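S.K.: Single-letter residue listing:
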Amino acid sequence: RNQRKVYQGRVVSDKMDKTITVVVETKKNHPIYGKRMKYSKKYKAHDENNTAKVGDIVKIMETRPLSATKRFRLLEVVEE
Amino acid sequence: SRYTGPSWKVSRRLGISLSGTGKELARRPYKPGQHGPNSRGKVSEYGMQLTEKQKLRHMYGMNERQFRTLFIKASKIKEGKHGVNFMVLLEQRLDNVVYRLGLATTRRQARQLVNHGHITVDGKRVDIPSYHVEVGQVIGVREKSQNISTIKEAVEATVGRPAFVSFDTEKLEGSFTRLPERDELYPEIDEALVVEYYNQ
Amino acid sequence: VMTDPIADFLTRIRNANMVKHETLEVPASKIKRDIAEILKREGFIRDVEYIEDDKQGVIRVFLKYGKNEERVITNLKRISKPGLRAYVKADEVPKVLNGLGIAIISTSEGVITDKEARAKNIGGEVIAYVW
Amino acid sequence: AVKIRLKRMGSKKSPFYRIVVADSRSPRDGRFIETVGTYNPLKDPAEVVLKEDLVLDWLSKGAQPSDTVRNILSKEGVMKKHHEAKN
Amino acid sequence: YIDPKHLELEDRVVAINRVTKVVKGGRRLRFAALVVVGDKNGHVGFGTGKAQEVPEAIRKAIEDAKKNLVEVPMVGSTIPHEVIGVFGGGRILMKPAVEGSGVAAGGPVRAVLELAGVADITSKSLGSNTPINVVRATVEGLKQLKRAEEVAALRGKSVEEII
Amino acid sequence: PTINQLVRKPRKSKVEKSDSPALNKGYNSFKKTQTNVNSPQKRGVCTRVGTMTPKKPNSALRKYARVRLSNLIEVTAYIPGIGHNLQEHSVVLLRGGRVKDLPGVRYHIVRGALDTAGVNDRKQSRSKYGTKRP
RNA sequence: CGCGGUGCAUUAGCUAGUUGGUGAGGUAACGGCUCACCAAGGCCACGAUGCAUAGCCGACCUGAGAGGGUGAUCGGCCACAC
RNA sequence: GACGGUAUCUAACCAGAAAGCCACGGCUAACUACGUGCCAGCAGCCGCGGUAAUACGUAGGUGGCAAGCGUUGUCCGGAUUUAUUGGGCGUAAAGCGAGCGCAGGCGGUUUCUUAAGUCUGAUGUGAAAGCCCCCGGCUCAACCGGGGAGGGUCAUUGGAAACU
Ligand SMILES: CN[C@@H]1[C@H](O)[C@H](NC)[C@H]2O[C@@]3(O)C(=O)C[C@@H](C)O[C@H]3O[C@@H]2[C@H]1O
Ligand SMILES: [K+]
Ligand SMILES: [K+]
Ligand SMILES: [K+]
Ligand SMILES: [K+]
Ligand SMILES: [K+]
Ligand SMILES: [K+]
Ligand SMILES: [K+]
Ligand SMILES: [Mg+2]
Ligand SMILES: [Mg+2]
Ligand SMILES: [Mg+2]
Ligand SMILES: [Mg+2]
Ligand SMILES: [Mg+2]
Ligand SMILES: [Mg+2]
Ligand SMILES: [Mg+2]
Ligand SMILES: [Mg+2]
Ligand SMILES: [Mg+2]
Ligand SMILES: [Mg+2]
Ligand SMILES: [Mg+2]
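Read top to bottom, the protein sequences are chains X, Y, R, U, W and C.
UniProt numbering applies: residue 5 is where the first sequence begins, and numbers increase by one.
UniProt numbering applies: residue 2 is where the second sequence begins, and numbers increase by one.
UniProt numbering applies: residue 2 is where the third sequence begins, and numbers increase by one.
UniProt numbering applies: residue 2 is where the fourth sequence begins, and numbers increase by one.
UniProt numbering applies: residue 3 is where the fifth sequence begins, and numbers increase by one.
UniProt numbering applies: residue 2 is where the sixth sequence begins, and numbers increase by one.
It is worth saying that the hints were derived from the structure and are not from the lab.
Every residue, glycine too, gets a C-beta built ideally from N, C-alpha and C.
Some hints here could point you the wrong way.
Just some of the chain W residues that point at chain Y, by a computed CB distance under 8 angstroms [to be verified]:
no.	residue
1	45
2	101
3	102
4	104
5	106
6	112
In the DSSO-like style, the derived pairs of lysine-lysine whose C-alpha atoms are separated by at most 27 angstroms in a straight line are [as the list claims (entries may be wrong)]:
no.	chain 1	residue 1	chain 2	residue 2
7	X	19	X	74
8	C	101	X	32
9	W	52	R	65
10	R	21	R	65
11	R	116	R	41
12	X	39	C	13
Could you build all of it, start to finish, from the sequences and the hints given here?
M.R.: Listed below in structure tokens is the structure:
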């Protein structure tokens with residue numbers, strides 16, 4: 005069976021019930037000059053029981069659309 | 002289009018004998034025009050390079066566009082000197098093959114023969130003077146044309162066939178045994194200046 | 002504050018070489034030792050020795066000047082910098098002066114010259130050029 | 002439906018054809034699924050290059066050869082092979 | 003040092019500059035000639051000559067150039083490797099060129115290379131176009147060039163070991 | 002600049018402008034605006050004809066025509082050649098090209114096209130000045 | 001859904017089904033897609049928003065290359081039919 | 001079998017019906033005569049013309065190219081003239097008047113580990129056509145056909161651990 009994209013990230017918003025906002029924190033090389041630049045991507049992931057809090061390192065797996073902006077499902081809480 | 006004006010003026014402008022006989026340069030070896038005989042100023046490097054390019058393309062009676070495209074092909078050849086290979090392609094040009102075999106007194110004459118279709122490559126008619134003849138291909142005169150005074154006069158008059166060529170008079174059949182060598186080619190020409198000219 | 006001790010090492014060598022000093026000294030670091038030994042086995046620098054002190058150690062380099070005090074090392078150049086890193090793939094390994102010079106590269110196989118890197122068919126980080 | 006048909010190529014008055022599998026709705030010289038052979042009618046014995054394995058696979062899947070493609074597959078025996086495989 | 007004798011040298015006049023000195027009465031025009039004289043086999047030099055008349059300026063520059071001949075390494079028809087020569091506003095980059103490509107360069111650099119005997123090379127002028135400076139910069143780059151054997155000897159390794 | 006500085010503010014190049022701007026813009030009667038369409042020439046009507054004094058180095062009476070183009074822009078165009086049949090309300094074709102002598106002329110009036118009669122007795126460079134081969 | 005490809009900051013705040021939840025309805029199908037209730041959330045100097053311009057691409061022109069410019073013909077995709 | 005008696009082939013007759021365009025002061029290959037007299041006019045830049053003009057007009061020559069030639073328009077180049085490759089900031093343009101400092105950028109030596117960056121292998125994909133390399137077909141070429149290669153800061157996956 006195929007696999008869905010899973011990303012590590014940090015929670016930055018949990019004030020919404022049953023959901024959390026994570027950050028991916030990747031880097032990219034500038035097309036012209038080639039230096040790596042800090043690039044931040046944030047996703048809205050569905051939380052089952054609001055287990056994750058702010059500033060927690062979590063894994064999220066992409067899923068079918070759940071809300072207007074939810075496309076990810078919480079898997080792990082690796083740090084607090 | 003084909004050049005058809007006087008040949009002596011072009012040759013003496015080039016400063017080298019196009020026919021190789023030197024007949025044009027024998028008498029009044031100046032550039033044409035009233036200003037030819039008297040003193041003329043020094044030639045720039047651009048003039049020299051243009052003069053070499055003109056030497057080659059006037060030798061082979063080619064237009065600039067066709068000349069430039071053939072020059073590009075020579076560059077595409079991967080091995081050897083670019084200018085030497087360019088001269089090699091110029092030789093393999095069909096008209097020059099007829100001229101080297103001696104079936105025509107002049108390259109213009111050989112070109113007219115090819116254009117009128119009196120030549121046949123491997124027994125097949127070819128009216129394209131620009132046709133590219135490879136090593137080993139047999140160039141023969143059209144059977145209906147073998148008994149004409151002009152080519153007969155040319156064959157009898159001709160006495161030196163270059164080393165790379167091999168010819169048979171009775172069959173009127175010739176072919177390049179191998180690619181011509183640099184020294185075998187015209188030595189008065191410096192292909193390097195032509196290469197630099199087109200590098201611009 | 003110093004931000005590239007490797008560049009400082011190269012520049013120490015360049016300045017000492019320019020004045021034709023017999024020797025030079027640098028604070029000891031692993032990558033500095035790797036560069037020094039590469040130059041040693043490539044014959045650019047006459048000799049290398051290492052001293053151990055209570056800060057981090059020291060590395061002393063004896064320069065090489067040919068007959069008539071001719072400078073063997075034409076110059077040194079830092080390629081990969083902290084501001085901008087330089088990584089080269091296997092086919093991208095450069096040749097310094099059409100091979101007359103060398104390029105020191107850091108790889109998963111260690112710190113190697115350009116010849117060795119292309120022989121192993123691996124890329125890496127181009128630390129420096131020397132010629 | 003899926004078709005095995007001739008996509009026209011070459012030049013004016015000098016036609017050439019590629020036997021390609023394409024959805025019938027696609028343009029003749031436009032979108033196609035896969036190329037399975039060639040066809041040069043200009044030679045007195047028409048020259049054909051074919052991928053018999055691919056053609057048989059698509060026929061089993063349900064492709065419908067056009068008339069000329071069917072003639073080509075018959076002359077190449079592919080239609081007979083598919084017929085036997087059905088049997 | 004290179005001895006002018008024993009070498010069949012040939013010269014070329016790069017540029018003839020009409021330089022003026024203002025004197026109480028008016029102008030005092032002179033000609034300054036820059037000349038490059040070479041061997042076509044790896045030796046070349048350049049000289050300057052200032053004189054009231056063009057022939058005398060040219061002669062003076064030729065003598066100066068002969069005195070200033072230097073030797074240029076040359077592998078095959080080209081230089082061992084790439085180089086950039088800088089003098090004042092002059093800045094010339096010279097790279098080895100494949101056989102038969104020719105001498106790609108401009109004016110003064112062309113004269114230096116042709117007289118030096120290089121038949122195939124690429125180059126570019128990244129600095130000023132002042133003839134004297136570009137000629138000086140060109141010779142600086144050529145002097146920078148190094149021989150494989152010499153590099154091999156200095157590094158204490160064979161040419162094969164270096165390459 | 003440092004690479005980081007370049008990343009923060011990348012290099013930006015100068016923007017060129019046409020030496021013949023009037024040719025670059027068309028006009029739309031419906032929308033009553035100027036379109037951005039490059040044209041090798043442009044038609045116009047000569048609102049005036051006359052002569053102008055060159056800049057200080059030169060002295061002559063350069064012949065010029067004030068022309069309103071098909072895009073409604075009014076410009077001044079030069080009249081090359083010797084003698085012309087142009088008069089106000091005459092339809093002309095304009096090509097690019099400045100006039101160093103004149104201060105404010107940037108376009109030339111193509112000869113031999115529309116009302117611009119060829120140059121009488123021209124016999125060299127006839128293509129320019131638009132006279133048929135005699 | 002990840003990632004890539006315009007200009008302007010003399011455009012800095014934008015958002016109220018908006019952001020999420022619970023239900024219900026609806027869809028070939030997930031989903032504020034719609035609705036009722038609950039909360040106040042959501043996006044944004046990593047350029048939101050606004051403004052201007054523009055169909056996108058395979059490709060085409062140039063250049064030593066990096067790049068710059070273009071987006072006809074042909075093919076793919078999209079959008080439109082006073 | 002629309003194309004269509006089309007391509008194509010044969011035979012006869014004739015050098016007979018088939019060359020213009022721009023340019024020649026320097027850049028830039030191409031030079032002299034008159035006519036003109038800061039006028040007429042030329043010009044891409046420099047600049048030419050005031051009575052002995054290779055710079056204007058014409059003539060004769062000559063250079064370039066050719067069923068084309070020249071002008072205009074537009075993009076790239078030359079332009080290192082936005083410099084990542086590939087520039088600078090004492091006096092030519094360019095160091096904020098100075099400091100404190102959030103974020104950001106960068107960061108001393110070393111042990112182990114990790115493998116995001118980085119390097120590398122395999123796999124999948126980046127259609128076809130087109131560039132490019134081979135090989136054929138059209139009398140040659142243009143063009144056409146066949147086989148490859150190329151094209152990704154790609155996805156999955158296996159390795160390497162010097163550097164970040
Ligand atoms: C009055 N004596 C002067 C004096 O000798 C000047 N030199 C110092 C001298 O200078 C000349 O020789 C010049 O070259 C200038 C010229 C205007 O007068 C000439 O004659 C100038 C003499 O007339
Ligand atoms: K809901
Ligand atoms: K559109
Ligand atoms: K509509
Ligand atoms: K001129
Ligand atoms: K730079
Ligand atoms: K200061
Ligand atoms: K890693
Ligand atoms: Mg033609
Ligand atoms: Mg048939
Ligand atoms: Mg001196
Ligand atoms: Mg639009
Ligand atoms: Mg460039
Ligand atoms: Mg000239
Ligand atoms: Mg004129
Ligand atoms: Mg004139
Ligand atoms: Mg540039
Ligand atoms: Mg000042
Ligand atoms: Mg200043």
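S.K.: Taking the hints in turn, state whether each one holds.
M.R.: Hints, verified against the model:
Evaluation of the residue 45 (chain W) hint against chain Y yields a violated restraint, the C-beta minimum of about 20 angstroms exceeding 8 angstroms. A least Cβ separation of about 6 angstroms between residue 101 (chain W) and chain Y falls short of the 8 angstroms threshold, and the interface hint therefore holds. The beta carbon of residue 102 (chain W) is positioned within 8 angstroms of a beta carbon in chain Y (closest approach about 3 angstroms), and the interface hint is therefore held. A hinted interface residue such as residue 104 (chain W) counts as satisfied when its beta carbon comes closer than 8 angstroms to some beta carbon of chain Y; here the least separation is about 4 angstroms, so the hint holds.
With a cut of 8 angstroms, the hint placing residue 106 (chain W) at the interface with chain Y holds, because the nearest CB-to-CB distance is about 6 angstroms. For residue 112 (chain W), the interface hint holds, since its Cβ comes within 8 angstroms of a Cβ in chain Y; the closest pair sits about 7 angstroms apart. Proximity of residue 19 (chain X) to residue 74 (chain X) is assessed by CA-CA distance (about 15 angstroms); at most 27 angstroms being required, the pair is judged to hold. Restraint check: the Cα-Cα separation between residue 101 (chain C) and residue 32 (chain X) comes to about 52 angstroms, which exceeds 27 angstroms; the hinted pair is violated.
Of the pairs offered as hints, the one joining residue 52 (chain W) and residue 65 (chain R) is violated, with about 45 angstroms between alpha carbons and a cut-off of 27 angstroms exceeded. A hinted pair counts as satisfied when its Cα atoms are at most 27 angstroms apart, and residue 21 (chain R) with residue 65 (chain R) qualifies at roughly 9 angstroms. A threshold of 27 angstroms between alpha carbons decides the hint, and for residue 116 (chain R) with residue 41 (chain R) the separation of about 16 angstroms falls inside it, so the pair holds. A hinted pair counts as satisfied when its Cα atoms are at most 27 angstroms apart, and residue 39 (chain X) with residue 13 (chain C) qualifies at roughly 19 angstroms.
Figure legend: structure checked against the earlier numbered hints; hints not met, in rising order: 1, 8 and 9.
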